[PDB]
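Spelled out, the chains give:
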Amino acid sequence: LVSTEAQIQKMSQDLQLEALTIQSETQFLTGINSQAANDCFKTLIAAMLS
Amino acid sequence: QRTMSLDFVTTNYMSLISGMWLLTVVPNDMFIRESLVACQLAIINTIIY
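These protein sequence lines are chains F and G, in that order.
Using my numbering, the first residue of the first sequence is number 1, and each one after it goes up by one.
Using my numbering, the first residue of the second sequence is number 1, and each one after it goes up by one.
Please keep in mind that the hints were generated in silico from the structure rather than gathered at the bench.
Here a beta-carbon is modelled for each residue, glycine too, at the ideal position from N, C-alpha and C.
Take the hints with a grain of salt, since some may be wrong.
Some chain F residues flagged as far from chain G (calculated, every beta-carbon gap over 12 Å) [as the list claims (entries may be wrong)]:
#1 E5
#2 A6
#3 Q7
#4 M11
#5 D14
#6 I22
#7 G31
#8 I32
#9 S34
#10 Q35
#11 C40
#12 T43
#13 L44
Pulled a few chain G residues facing chain F out of the computed Cβ check, cut under 10 Å [claimed, not checked]:
#14 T3
#15 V9
#16 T11
#17 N12
#18 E34
Generate coordinates for the entire structure from the input sequences, incorporating the hints supplied.
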């Protein structure tokens, strides 16, 4: 999920050069986002430690 | 003797069957090993296992 703001600018100026688009190798499903993977990783660890 | 490096997508099942043809013609001591493996593993996990 996470990267800095300028790396989005650093990855947009070479995206048309190096075509790496299906490197992530996943089948999409409706209701799948990365902000819930980052959320469920935190409410599984922090609900165990407390 | 310039070492090639394959690049492909795993969702393309035809690029893996046509990837069964390079490795059986071009000798595998010529592809780079980080990309010879990930193409040999793509044929294994999808086509023949």
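Against the structure, the hints:
1. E5: Holds: least Cβ distance 29 Å, greater than 12 Å.
2. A6: 27 Å, holds
3. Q7: 22 Å, holds
4. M11: 18 Å, holds
5. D14: 15 Å, holds
6. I22: It is violated; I22/F is separated from chain G by about 4 Å at its closest Cβ, not greater than 12 Å.
7. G31: The assertion about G31/F holds, with a minimum of 20 Å to chain G.
8. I32: Nearest chain G Cβ is 16 Å from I32/F, so the label holds.
9. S34: 19 Å, holds
10. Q35: 24 Å, holds
11. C40: 25 Å, holds
12. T43: Check passes; 31 Å lies beyond 12 Å.
13. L44: 28 Å, holds
14. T3: The hint is violated - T3/G has no Cβ within 10 Å of chain F, the shortest such distance being about 19 Å.
15. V9: 4 Å, holds
16. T11: Holds - the Cβ of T11/G comes within 10 Å of chain F, reaching about 6 Å at its closest.
17. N12: Constraint on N12/G satisfied, holds at 8 Å.
18. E34: Violated, because the Cβ-Cβ distance from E34/G to chain F comes to roughly 13 Å (cut-off 10 Å).
Checked against the numbered hints above, the structure breaks hints 6, 14, 18 and satisfies the rest.
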